[PDB]
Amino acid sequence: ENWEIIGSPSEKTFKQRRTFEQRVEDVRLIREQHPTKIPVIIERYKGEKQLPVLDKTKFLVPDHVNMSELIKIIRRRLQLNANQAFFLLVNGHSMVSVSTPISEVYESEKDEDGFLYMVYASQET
């Protein structure tokens, strides 16, 4: 009833832990050192229980890798059984084009700070 619920401060995404200029600077450094790679943040959906957390959240993806290959890579790193449902959501939604290079996905879906943000869940929201 018009009440603002304050979240548990424990859940701090990569974007919430870094300032805008810190993130912009991160992206600039990666562009210089790895010109053919896309910087991708991959995090577990907030309310996810069926899937585990990855050790790492910051990934450098070669420009040529497409979404279906990236999906396969993340499923293997989560050590998922082949029957487990899994969705890799970009700006809240599954990618329709799974055969296009991630560098092409990057140009449509990147954040203002230069990062490509992704969230995985066992449901497509």
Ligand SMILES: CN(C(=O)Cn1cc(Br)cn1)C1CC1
Second form
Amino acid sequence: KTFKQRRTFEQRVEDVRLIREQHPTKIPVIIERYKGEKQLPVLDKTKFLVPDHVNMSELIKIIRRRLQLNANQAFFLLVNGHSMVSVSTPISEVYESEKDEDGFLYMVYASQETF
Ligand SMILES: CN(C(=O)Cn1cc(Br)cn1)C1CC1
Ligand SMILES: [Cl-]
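Please give the other form, namely the form deposited with the named molecule bound, since only the form deposited without the named molecule has been shown so far.
Once more the chain from above appears, this time first in line as the rest of the complex follows.
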């Protein structure tokens, strides 16, 4: 069901190496609904190429637009398993400190802060 489950470490690593060659200015992000989540819908896709200059605040807005949420729905985004310390960091900076060993940046979203 989950991405890491669907693809071998060898396949996830090769996918990241190709995004580097074909989309060198993009951050390879896996965005996944929390396996618990009741309220928010699932995304149309799993794998996003994020322009490496957007900060985490703009990425939340993108995903809320993608889910077509409205003003008073709540949305929480974990990066690499934990809360974001700051939303003003450029995703290029976040990638270098929070990327997995396969080379993707893993994110999970839910409606409560208690995932
Ligand atoms: C970039 N972006 C997307 O819609 C995902 N995407 C674009 C290509 Br090209 C492939 N995937 C949003 C998250 C910032
Ligand atoms: Cl590019």
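Positions refer to the first chain, counted from 1. Rigid core here is just the name for the largest C-alpha set that superposes within 1.5 Å across the two forms.
- Summarising the core-aligned comparison between these two forms, the C-alpha atom of residue 81 is found to shift 1.3 Å.
- Shown is the Cα shift of residue 94 between these two forms after rigid core superposition, which amounts to 2.2 Å.
- In the rigid-core superposition between these two forms, residue position residue 116 carries a C-alpha shift of 0.4 Å.
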